[PDB]
Amino acid sequence: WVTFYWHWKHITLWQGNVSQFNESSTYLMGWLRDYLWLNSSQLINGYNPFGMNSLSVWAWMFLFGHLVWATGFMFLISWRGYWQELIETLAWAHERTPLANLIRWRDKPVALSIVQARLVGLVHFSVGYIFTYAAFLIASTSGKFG
Amino acid sequence: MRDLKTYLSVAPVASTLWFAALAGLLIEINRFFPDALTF
Amino acid sequence: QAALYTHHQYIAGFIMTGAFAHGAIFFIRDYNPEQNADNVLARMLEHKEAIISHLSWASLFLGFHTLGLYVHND
Amino acid sequence: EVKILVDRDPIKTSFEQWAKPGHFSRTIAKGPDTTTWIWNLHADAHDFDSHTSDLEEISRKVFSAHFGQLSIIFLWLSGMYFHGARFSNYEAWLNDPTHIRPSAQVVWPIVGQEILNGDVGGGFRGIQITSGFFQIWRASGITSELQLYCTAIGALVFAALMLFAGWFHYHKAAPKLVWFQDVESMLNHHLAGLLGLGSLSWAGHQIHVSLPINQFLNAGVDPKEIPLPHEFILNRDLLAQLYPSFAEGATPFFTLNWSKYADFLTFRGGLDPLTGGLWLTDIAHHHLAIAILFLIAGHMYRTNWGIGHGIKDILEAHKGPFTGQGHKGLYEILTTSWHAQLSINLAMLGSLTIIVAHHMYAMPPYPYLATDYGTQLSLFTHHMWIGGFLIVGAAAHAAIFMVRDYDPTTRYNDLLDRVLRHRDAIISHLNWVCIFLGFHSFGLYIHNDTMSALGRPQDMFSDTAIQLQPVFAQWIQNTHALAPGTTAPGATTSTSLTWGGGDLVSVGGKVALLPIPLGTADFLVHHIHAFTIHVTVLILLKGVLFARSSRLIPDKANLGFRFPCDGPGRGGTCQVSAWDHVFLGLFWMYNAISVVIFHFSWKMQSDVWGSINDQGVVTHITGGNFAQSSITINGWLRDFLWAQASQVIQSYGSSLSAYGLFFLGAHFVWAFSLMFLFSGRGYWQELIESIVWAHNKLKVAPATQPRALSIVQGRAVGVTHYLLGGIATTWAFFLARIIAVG
Amino acid sequence: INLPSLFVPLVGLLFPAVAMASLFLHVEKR
Amino acid sequence: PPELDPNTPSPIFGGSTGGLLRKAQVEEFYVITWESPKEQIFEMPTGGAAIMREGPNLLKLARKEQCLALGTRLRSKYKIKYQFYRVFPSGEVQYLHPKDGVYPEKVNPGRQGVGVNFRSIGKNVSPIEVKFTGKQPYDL
Amino acid sequence: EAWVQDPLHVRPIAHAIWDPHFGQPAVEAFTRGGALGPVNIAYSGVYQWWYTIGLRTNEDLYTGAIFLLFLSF
Amino acid sequence: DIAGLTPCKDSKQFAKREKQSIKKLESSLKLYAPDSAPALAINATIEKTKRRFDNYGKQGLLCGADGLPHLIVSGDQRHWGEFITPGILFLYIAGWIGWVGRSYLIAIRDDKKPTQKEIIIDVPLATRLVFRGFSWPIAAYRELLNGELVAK
Ligand code: CLA
Ligand code: CLA
Ligand code: CLA
Ligand code: CLA
Ligand code: CLA
Ligand code: CLA
Ligand SMILES: CC1=C(/C=C/C(C)=C/C=C/C(C)=C/C=C/C=C(C)/C=C/C=C(C)/C=C/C2=C(C)CCCC2(C)C)C(C)(C)CCC1
Ligand SMILES: CC1=C(/C=C/C(C)=C/C=C/C(C)=C/C=C/C=C(C)/C=C/C=C(C)/C=C/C2=C(C)CCCC2(C)C)C(C)(C)CCC1
Ligand SMILES: CC1=C(C/C=C(\C)CCC[C@H](C)CCC[C@H](C)CCCC(C)C)C(=O)c2ccccc2C1=O
Ligand code: SF4
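These protein sequences, in sequence, are chains A, B, C, D, E, F, G and H. Quick note: the first sequence uses the numbering used here, first residue 1, plus one each step. Quick note: the second sequence uses the numbering used here, first residue 147, plus one each step. Quick note: the third sequence uses the numbering used here, first residue 186, plus one each step. Quick note: the fourth sequence uses the numbering used here, first residue 260, plus one each step. Quick note: the fifth sequence uses the numbering used here, first residue 1002, plus one each step. Quick note: the sixth sequence uses the numbering used here, first residue 1032, plus one each step. Quick note: the seventh sequence uses the numbering used here, first residue 1172, plus one each step. Quick note: the eighth sequence uses the numbering used here, first residue 1245, plus one each step.
Among the hints, a few may not be true.
[Said to hold, decoys possible] Calculated cross-link-like contacts (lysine to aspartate or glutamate; reagent style EDC-like; alpha-carbon spacing at most 16 Å): (1) D:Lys-958 x H:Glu-1392; (2) E:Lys-1030 x A:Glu-23; (3) F:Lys-1108 x F:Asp-1170; (4) D:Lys-587 x D:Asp-666; (5) D:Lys-320 x D:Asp-303; (6) D:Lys-587 x D:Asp-673; (7) H:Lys-1361 x D:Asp-292; (8) H:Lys-1292 x D:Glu-373; (9) D:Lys-956 x H:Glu-1392; (10) C:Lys-233 x D:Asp-303; (11) D:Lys-956 x H:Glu-1387; (12) H:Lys-1292 x B:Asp-181; (13) H:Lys-1357 x D:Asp-292; (14) D:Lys-271 x B:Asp-149; (15) D:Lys-279 x B:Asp-149; (16) D:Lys-958 x D:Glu-948.
If you're looking for bench data, these hints aren't it; they were derived computationally from the structure.
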């Protein structure tokens, strides 16, 4: 919230029309449409079926950030017991598959710990959070210089 | 009948009747005195 | 200017959460109730329900009304 | 000896139990000590197993509850017909269906909400409906609000009759157990009776009302001047002038000169080009033949006479070298477990609804339906969701059957036992194929996004680069297009204009259907579908196969169907219950159906829907952009979501603004669901303690002690708001877009 | 280019392989 | 005096993918025994149905918890008594349950307390008082 | 050195990029500033910082780096 | 004026907004016959729009550059209708609800099974307490002064 606010107040300042912020910011559709949607058009065209440009990295990192964030949701929503039972069927399958039978693990495969998954999920969530917004922030501001 | 009056007093039933009455009151105040921003 | 402001407000946020996380760790590993008996730190634990429930109240007030006001405008 | 067996006055009708919350449950009936009581009351309301262990008394409850549901549906249909009669532009819509937008709801003027009454044509102001009722009523030959009023009264009567029957068959004449178990009689009566006499009697309406009235509508005569439907029954010559087969009456039917009826019973195929829907003469001939098949099929099973099979005989006779005893014992299982029945029926009813989605878009069965892009996008999406929910329900009651009803000592079955004896081989195989699918479907997109970002569009999986042509689907398409002249000689044209070939059908300058091309992009999105469906089955099937036990939890079945876990030990056992697998499978069902409907929306707007020129220059809604855009995730972000979200986010200030608000509202509910899914009740119970203290300080604590939601409820609340917000967002996104550009 | 063509494959292919192989043997040792 | 362990017959079972794995060859495994009055179907803790034989019954299992789960089911449903053991890869056997010939639910003399703290739980010291000692508050 | 002579008309360069996955259109698009190859532009503000406090020449920067390397050691 | 605003009754952008709004509705109005039900309805919205804009102008509301009313909640006596006054009304009603709510929990707290009157409202009892709310400031202040309001 604070950085959205800082950025949208400044990008409309730099562009020479603070009134875009003064009017569209009093309701939330304004933020979604006139801040996020309006300012995404150069970023998501950093590459398209017609070529690419220097905004290509940020377009790719922008989606990368969405992907890491969403992967975090897996560790946050599905919890351990589901995955421990699944891994067991893979332990079985591995010890019953010829040729692969020859190879053996030195560390028994186990689902992550309860706490571990909260952390791994949090880290994915935070990492994608930051990479998504930084890609947007930099591309939207540098694609026009405010 | 007394069993029915007990049921009509159960939390959900008493809530819809209460909030229905409330909604009707607020709707009619807004039909009679619409667009009130001050007071 | 956009990257610099955003970079420090996120750094600051993480740093603030660590400040409370190590307050918690202090309370478990290091806090000696008897050598702090009746002092300002012990008295915080004595009235934790007062502290927590007023933060709860302040958060409820700000959420209902801020969201209520934006939703009205929408 | 199949006979009517009923008990007289089993349960006394009394308000006594209405006054006693939780009477059905012995634990709940004692009253609340805590707020957790409030929720278990509702979670257990329809769990008739936990109320009583008597199978007869359970069956009586589900029987009358079914009447309750039928009552609700009739009341629902009563309102649909009533609004068409009283608050609609259906009469005006009949004169100009290409332009007038169906509307059957009008909002009262309060707090500025009149703006939702939109300028929909016909001198009417209301909300544009997408249920498609107008196309139904027209195809039924309904011509006035008077006819809808009478249908609404009949629906209301049937609603009362169904409610009366539910009270009657529970409190007055409740069927005995063996009456419900007569599955042979039921199957016969549903095939021949419900399916057969339903399709036959509906065929009669199509012949004597729907065919003639639609011929006048399509000829152009005003609906107020079309002869009333009963005049085609009172006076045959009216019919005979449209179809001279009626001149000879019922004589050519019994003389096997059925070819004489070839003017109102046809096998044309394709679409009526002046209406955009399937030929009403092909449809009437469909219900005719279909009615015959069910009337004879309802004679397969043995009852009070000699002919027919016992269903047990057919089961006990199928068994192989790999399976042993085979289907023996299944007749006892499916006549004693309601959940086993419900699992199969949910599986098939769900699957069938997904088929209805496909068939109704590629073979539009209603006049002027195919060109109401808003109704058709709604119908396909609506039935996908309904289908996907019912399927996930099959896994739950399959899982519920394994915990509660499975008993190898009394009701053994070697097929079920054989699967339980190698569930590790099944689940590990489904695990690997899911990993293969995911890499070789979604990973190709990631390849494309990375290639396209690096300035290397020659290395993408594209129609203009490394091509992945769906040869087999392309082959099936080209086959069906050549069926009418070859493998289906009686068929004039193909069953669908989608069949890669033919031409095009337009109604009112709007494209109805053309051949749908299937290229590289269609290859990718089809392997996403196979991937997402596989993972959904992996989670759900794993949940049923280890519902009783696993190497981790040897006595899991004793923990019940629905339980949070068995504690932090064994490294952690959260979400081992079969119920938790259904919780996880809903998210994946949601995922799978979301990209299915996205696949549908983008394809139709890009390669099918659009406006045709005076000379035939078709302009599609998004102009064929699907081929080069839908092969990267950035293409779906930019060219689909970002571009098509325009309508909903600029809907404020117009009659579509309610979609604007729902778009934001559903985002909110979806984000709100994450609070429940990401946290845990220990945090919340401690929080509540500080809050309870504050209430105690002022003498305002409730005697019903506030508790955090149970672990399972947290999950249920989470997934419920996740699905509601998620789906509602797409709902508001779809309707705003398609009503604004369709 | 005369140095990036040397250090980029060294720090991005060789060093991680040598590091991943080193750590694999320390963590697996007994 | 703990029971013995011969080579009694095992129940009638077609085999499943739920049984012993490499751990049994290299670490340990478990065997439960019991006497049934008649042949009857029961559920294997590893999935599926098997038929126990009347009289002696031996069953190899991968985990202790699988043994106790089956045995708990033998007392409740079948009312039969059971024992089980831990078997090592050297052939060494170890009797496990019921330990002193008596199921642990019922008091039995000769058992010595393990892990009993003679105070209420809320009297554990604060972590700071056992810091840099190797003990937790619940160890004193 | 070009930035300090025209600080409002030169995108400051962070470092060179050398990525063998690039196609030719990516090599062109990222060639910016006065550089002879693909580069990243710096959003850290170090050019303005170093310029304001006195740094002017690439040498100034080199001996600063060496001194900090000594401090690291 | 306050905060660089100007009275909505003098504001040109306020007047423009009313004009653009009526023109919007008139574009729809011209679709329908003048006796028709939609024409009457759109006209009803138009008159209500006109009543609203004149009403905000006559109540003294300040407008910003956007042409929209902006509320002054600082305490300034020309704007008590924008916060102080509806706020006193809110607190009066909110306290009434809470005081009545506490009266009921106290009334049933010594009953046999108290949670029974929490899931099944004793409506007769409630009709007797509902008007205790009218005087909650005096009743709550009185329970305070004599140790009855808070527990120790
Ligand atoms: C948009 C998503 C969302 C929302 C709305 C909330 C809302 C809230 N969170 Mg939460 N949270 C979220 C995401 C969200 N969270 C996530 C992702 C996490 C990480 C796990 C958390 C973790 C978390 C913790 C750990 C805490 C909160 C707290 C709070 C409360 C903050 C105080 C407040 O605003 O009071 C106002 C309340 C609201 C704004 C909630 C919505 C009110 C609705 C709109 C009113 C409905 C009225 C209407 C008639 C309803 C009709 C519905 C119909 C079906 C009957 C509030 C209930 C804190 C709390 O409980 O403080 C007291 C707290 O301790 N949250
Ligand atoms: C699925 C069924 C369905 C749905 C969703 C609707 C929805 C709607 N109808 Mg409709 N209608 C239906 C069926 C339905 N109708 C049927 C079957 C008929 C024929 C009998 C009608 C006849 C009809 C008329 C004549 C009108 C509507 C109107 C409306 C609209 C406003 C209704 C309103 O605010 O009521 C007001 C709200 C209430 C009356 C609710 C009162 C709240 C109480 C306290 C709830 C009682 C709860 C209690 C415990 C249970 C009682 C059960 C009892 C019936 C046995 C709304 C869009 C109006 C409209 O469109 O205006 C432009 C209108 O005038 N409808
Ligand atoms: C006035 C008529 C009447 C009366 C006095 C009774 C009395 C009784 N019935 Mg009976 N019954 C009736 C009509 C009646 N029934 C009808 C019409 C049917 C057909 C559905 C049944 C079917 C039936 C079954 C199947 C069972 C009973 C049971 C009972 C006993 C307790 C039921 C209870 O707690 O109800 C209070 C319940 C309610 C008020 C629930 C409301 C019911 C409707 C259908 C809900 C529909 C709401 C709808 C979904 C909208 C909500 C969604 C939206 C708001 C979000 C009691 C002896 C039960 C029993 O004896 O078991 C011990 C039992 O199992 N009855
Ligand atoms: C014909 C279909 C059918 C039938 C008859 C049943 C019947 C049953 N199911 Mg089943 N189920 C179905 C479909 C069906 N299910 C489907 C499609 C799914 C997948 C979602 C499931 C998933 C499922 C699970 C996971 C569980 C059951 C359980 C049960 C049993 C208890 C139900 C109960 O008391 O709930 C009472 C009903 C409620 C409390 C309703 C809750 C409100 C819902 C969830 C929200 C609806 C939102 C609404 C659509 C939008 C309005 C929003 C608005 C209000 C703002 C009962 C035998 C439970 C059980 O233990 O069985 C023994 C159980 O745990 N079922
Ligand atoms: C976008 C977020 C996301 C992603 C990527 C996944 C990914 C996966 N989930 Mg998952 N999940 C998620 C969200 C997500 N989930 C959420 C929110 C929930 C909560 C409901 C779940 C709940 C859930 C369950 C319950 C199940 C899964 C399953 C799966 C697996 C499916 C098999 C597959 O395709 O493997 C292939 C992997 C991918 C397609 C991921 C992308 C791979 C990239 C493109 C390749 C990278 C190449 C290389 C490594 C480059 C890196 C180099 C680097 C080291 C330097 C897969 C690992 C199922 C499973 O385990 O089946 C096997 C399963 O049962 N998930
Ligand atoms: C008698 C009713 C009553 C009363 C007097 C209070 C009073 C209070 N609550 Mg509480 N509360 C109530 C009901 C009530 N609550 C209920 C039903 C809930 C469940 C939703 C809560 C949940 C709640 C939370 C989560 C928090 C409080 C807090 C507080 C304190 C600050 C004010 C506040 O935040 O209001 C907030 C009020 C709500 C969030 C909802 C309550 C509003 C309902 C509608 C009123 C009760 C209606 C009741 C059915 C009336 C029936 C009476 C009839 C039979 C005659 C204050 C002690 C806060 C606190 O501790 O600060 C120190 C806090 O954090 N309350
Ligand atoms: C305006 C102004 C002013 C004033 C200012 C001031 C006075 C301020 C203050 C400020 C402040 C005053 C702030 C505060 C902050 C706070 C914080 C941020 C805190 C935090 C905390 C924490 C985090 C804690 C933790 C813990 C725990 C929990 C436990 C124990 C330990 C510890 C403590 C660690 C002046 C005069 C200059 C002038 C100019 C203007
Ligand atoms: C829409 C609707 C409705 C309505 C419906 C209706 C209108 C119906 C009708 C129906 C009908 C009206 C039906 C009929 C039926 C009939 C039948 C089903 C018949 C059968 C027959 C037969 C089976 C035959 C036999 C025979 C033979 C085979 C040979 C010769 C002899 C004879 C002829 C005898 C309602 C209101 C409900 C609800 C809402 C919606
Ligand atoms: C936020 C939430 C909390 C707290 C939310 C609960 C307590 C829901 C509260 C529901 C209602 C609002 C309680 C009050 C219900 C009364 C009927 C209200 C009466 C007042 C009138 C207006 C009707 C937990 O219970 C927890 C459960 C386990 C996983 C995480 C979740 C979750 O994240
Ligand atoms: S975290 Fe919740 S669910 Fe997972 S184990 Fe502990 S208690 Fe059971």
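Results for each hint:
{"no.": "1", "hint": "D:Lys-958 x H:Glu-1392", "verdict": "9 Å, holds"}
{"no.": "2", "hint": "E:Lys-1030 x A:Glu-23", "verdict": "65 Å, violated"}
{"no.": "3", "hint": "F:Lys-1108 x F:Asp-1170", "verdict": "40 Å, violated"}
{"no.": "4", "hint": "D:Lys-587 x D:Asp-666", "verdict": "14 Å, holds"}
{"no.": "5", "hint": "D:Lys-320 x D:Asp-303", "verdict": "14 Å, holds"}
{"no.": "6", "hint": "D:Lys-587 x D:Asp-673", "verdict": "7 Å, holds"}
{"no.": "7", "hint": "H:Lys-1361 x D:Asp-292", "verdict": "12 Å, holds"}
{"no.": "8", "hint": "H:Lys-1292 x D:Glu-373", "verdict": "12 Å, holds"}
{"no.": "9", "hint": "D:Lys-956 x H:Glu-1392", "verdict": "11 Å, holds"}
{"no.": "10", "hint": "C:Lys-233 x D:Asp-303", "verdict": "38 Å, violated"}
{"no.": "11", "hint": "D:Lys-956 x H:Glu-1387", "verdict": "13 Å, holds"}
{"no.": "12", "hint": "H:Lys-1292 x B:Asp-181", "verdict": "9 Å, holds"}
{"no.": "13", "hint": "H:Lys-1357 x D:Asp-292", "verdict": "9 Å, holds"}
{"no.": "14", "hint": "D:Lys-271 x B:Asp-149", "verdict": "14 Å, holds"}
{"no.": "15", "hint": "D:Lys-279 x B:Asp-149", "verdict": "9 Å, holds"}
{"no.": "16", "hint": "D:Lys-958 x D:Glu-948", "verdict": "15 Å, holds"}
Of the numbered hints stated above, those contradicted by the structure are hints 2, 3 and 10, listed in ascending order.
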